[PDB]
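Chemist: Each chain is listed here by its residues.
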Amino acid sequence: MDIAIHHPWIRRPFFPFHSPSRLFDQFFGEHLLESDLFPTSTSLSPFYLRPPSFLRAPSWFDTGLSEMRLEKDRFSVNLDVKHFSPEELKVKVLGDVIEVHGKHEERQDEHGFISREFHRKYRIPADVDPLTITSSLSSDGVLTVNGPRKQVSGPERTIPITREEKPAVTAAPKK
Amino acid sequence: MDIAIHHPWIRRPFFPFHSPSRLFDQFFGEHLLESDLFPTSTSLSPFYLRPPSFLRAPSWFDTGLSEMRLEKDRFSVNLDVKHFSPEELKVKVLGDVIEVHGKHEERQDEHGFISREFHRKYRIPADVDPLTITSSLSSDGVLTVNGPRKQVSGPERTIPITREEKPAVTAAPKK
Amino acid sequence: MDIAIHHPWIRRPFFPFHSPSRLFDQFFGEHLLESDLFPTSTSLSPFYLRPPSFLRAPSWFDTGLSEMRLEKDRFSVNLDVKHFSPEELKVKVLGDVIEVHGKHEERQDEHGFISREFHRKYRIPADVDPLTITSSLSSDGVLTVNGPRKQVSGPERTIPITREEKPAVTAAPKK
Amino acid sequence: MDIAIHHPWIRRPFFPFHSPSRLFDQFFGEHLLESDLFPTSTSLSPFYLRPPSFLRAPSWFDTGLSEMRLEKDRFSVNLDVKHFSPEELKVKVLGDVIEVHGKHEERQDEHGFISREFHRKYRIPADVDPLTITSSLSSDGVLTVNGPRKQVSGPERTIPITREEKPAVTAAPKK
Amino acid sequence: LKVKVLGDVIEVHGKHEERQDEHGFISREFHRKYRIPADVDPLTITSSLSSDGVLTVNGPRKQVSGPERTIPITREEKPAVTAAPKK
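Protein chains in written order, with PDB author numbering: chain W, 1 to 175; chain X, 1 to 175; chain C, 1 to 175; chain D, 1 to 175; chain F, 89 to 175.
Because the hints were derived from the structure by calculation, they are not lab data.
Treat the hints with care, as some may be off.
[What the hints assert, rightly or not] Capping the alpha-carbon separation at 27 Å, the derived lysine-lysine pairs in DSSO-like fashion look like this:
hint	chain 1	residue 1	chain 2	residue 2
1	D	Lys82	C	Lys92
2	C	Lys103	F	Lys174
3	W	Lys92	X	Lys174
4	W	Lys82	X	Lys121
5	C	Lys121	F	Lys175
6	W	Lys90	X	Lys121
7	X	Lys92	X	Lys121
8	C	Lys72	D	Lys92
9	C	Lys166	D	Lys103
10	W	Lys90	W	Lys103
11	X	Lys92	W	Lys103
12	W	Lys72	X	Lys90
13	D	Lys121	D	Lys175
14	W	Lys121	X	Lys82
15	X	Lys90	W	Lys92
16	W	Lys92	X	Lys82
17	W	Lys175	X	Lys121
18	W	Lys166	X	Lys103
19	C	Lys121	C	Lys166
20	W	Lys90	W	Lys121
21	D	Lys92	C	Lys103
Start from the sequences and build out the full structure, keeping to the hints where you can.
Modeler: Here it is in structure tokens:
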């Protein structure tokens, strides 16, 4: 009418992941047993981008933003893994530690199996609280922990009386 | 594995206007459907959709605390150890599992120590995440996990993919 | 070109009935065993409105028109059932009587079963002829009998010599 | 249950013009395919289609004796009891079945009565209806059921849905 | 409402006409029922109602599921016909 267009993204949802048949079978319809599969084809009707790993594909590192992102609701820390898929990735938050474990099978042979691991590890009690810091991976393995650097705020941090103790709990503030 | 898509939440933000499809067309360009612009419902293409208002329209109650996005349900799971103070509670969140450890001593003795403890836990890879769920408590030793809830049961398996950027990681039911 | 549009109906064929997967499996393709299902998805291509109960859904009562509709080819009588689906409904025309029977299971418990019935019943020999009055339900259970109030025209009515006896057969006319 | 759609009769009335899809577009608006107008063949949307000529074009030989509609095949089934006058014949039509009862006395006697009788019938829930089929006879006691034929084998089962309004209740083969 | 009680079953028939017409009669009806040979009896349960058409069966309850099968044995004489659970 007035005339406008974007198009360069249109390649994406044909092959967002590897385009397995079991892929669009998870995201087409509804979980009943008569529901068929509509699983991938140059007949499907859309190709659609709405599943998790597919929006995080153009994000890729997911901005990769590692700091500043400070004091607010949305302190953020970027746990890099340089190249791994989500499943070889494995995040854990535990009191004063945030860690990512990555473990891939690089190459397989004879009776030999060649594992690579990435273990990016922290200890940051003043900065991380498992009650409110929250951990998000990108499809390349990069994990960002985000959120308020403050609910509990003690050493372990775990002095978590936050609902009713407020003076001492916040005497360690957004620091 | 799990057949699962937020088809109601996908359809909702295209319909609140004088056309159920102009809210794709106007957010992918404007009226240039030989040049690609898609009729939406069952011929859809990328969620390019970058004009920010669409990603905010379905739930401004998710705040817009980052970008793209298209938003999410909200829920809570309760780790209600019905005993002690919060000082006795430790918490850990881990991919598919959420767990707490209540760790008290009821009493000391001339002879030693009287421990009383709790190991409360859920394995819920559709519902709790080390991510889109944050947490809270009450002074009875009751630990709560809460917020814009997990909605992903992907065929890959390690799916905490939302850096406060809720879709495409809204792609499941509550299962 | 000259520019015109209707759109408010577009919601209908996604959920015209409950959208079971066995639904569009009946109305997509052709009855061969290699024929697949295309049973329902946000990846079908249409959503299409062409099956029986779906056009009768916006009709709803099917106008509900109970008379006048008189003397012509298209006398009509509306056998109401206030709320029931087609299968709990059960029409019968038999000489001088037209009747609808409805029978639903309202609620089920323990070893108890709570049936509701509707039995709208007539006897109208001058008006109804099973040879030419014809009985149509709407999706809400409302049944209209329509057609000429005249072929046979006798008491039972059944004096049906209409092909060759014409004077006495029509001495009871469109009355 | 029964996979069944009038796909030839659906396609027929779109094609008799200088475009096989303008006969959807011009009957759903005109040239406003972003605002929603659909390309027809295999991306279709509602049979809104309310501009009356489309519902008449495929078979003005169904008369237009009510509205919407899009029309139907025509056929007859014969309940030819080859005996008596039509006075001896009774008829009943009932959902999935059509039946007649020939009820004669050949002769009276000093001792009583000599009955001779017939019970002719079909169970044909795709072909005869208490509805879109009307009826007629010949003076040999021959009862005929006839007209715009049944074309519905729906998964629900009680399908006499056409108040002289033939689609969507044309949605089957002759089966 | 009509009511009938019968050994192993209890049933009611709601039998209304909503409306009359120039052409005839508009019936609306209900057939509510339980098959409960441990819990309702043509006997130790009496009955009552409310004006909404609600029919209640009530009282010192059935407690017999005997191997014979036709067990309404208590002439207001409750044992030995108390010999069962609520099943």
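Chemist: Now tell me if each hint is right for this structure.
Modeler: To see whether the hints hold, each was checked on the structure:
1. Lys82(D) / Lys92(C): holds (26 Å)
2. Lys103(C) / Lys174(F): violated (32 Å)
3. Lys92(W) / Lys174(X): holds (23 Å)
4. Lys82(W) / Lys121(X): Not OK: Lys82(W) and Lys121(X) at ~32 Å, beyond 27 Å, violated.
5. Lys121(C) / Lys175(F): Between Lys121(C) and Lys175(F) the Cα gap is close to 42 Å, so the pair fails against 27 Å, i.e. violated.
6. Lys90(W) / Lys121(X): Roughly 19 Å separates the two Cα atoms, so the pair holds.
7. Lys92(X) / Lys121(X): holds (10 Å)
8. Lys72(C) / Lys92(D): Given that 27 Å is the threshold and the Cα spacing comes to 23 Å, the pair holds.
9. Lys166(C) / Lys103(D): Within the cut-off at roughly 23 Å; holds.
10. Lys90(W) / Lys103(W): With a Cα-Cα distance of about 8 Å, the restraint between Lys90(W) and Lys103(W) holds, given a limit of 27 Å.
11. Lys92(X) / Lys103(W): With Cα atoms ~21 Å apart, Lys92(X) and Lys103(W) stay inside 27 Å; holds.
12. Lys72(W) / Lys90(X): holds (25 Å)
13. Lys121(D) / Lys175(D): holds (18 Å)
14. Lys121(W) / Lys82(X): violated (33 Å)
15. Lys90(X) / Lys92(W): Status holds; Cα separation ~14 Å.
16. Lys92(W) / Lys82(X): holds (26 Å)
17. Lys175(W) / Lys121(X): violated (31 Å)
18. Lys166(W) / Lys103(X): holds (23 Å)
19. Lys121(C) / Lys166(C): Violated, because 31 Å separates the two Cα atoms, which is more than 27 Å.
20. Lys90(W) / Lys121(W): holds (12 Å)
21. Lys92(D) / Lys103(C): The hint holds at about 21 Å.
Of the numbered hints given earlier, the model fails hints 2, 4, 5, 14, 17, 19; all others are met.
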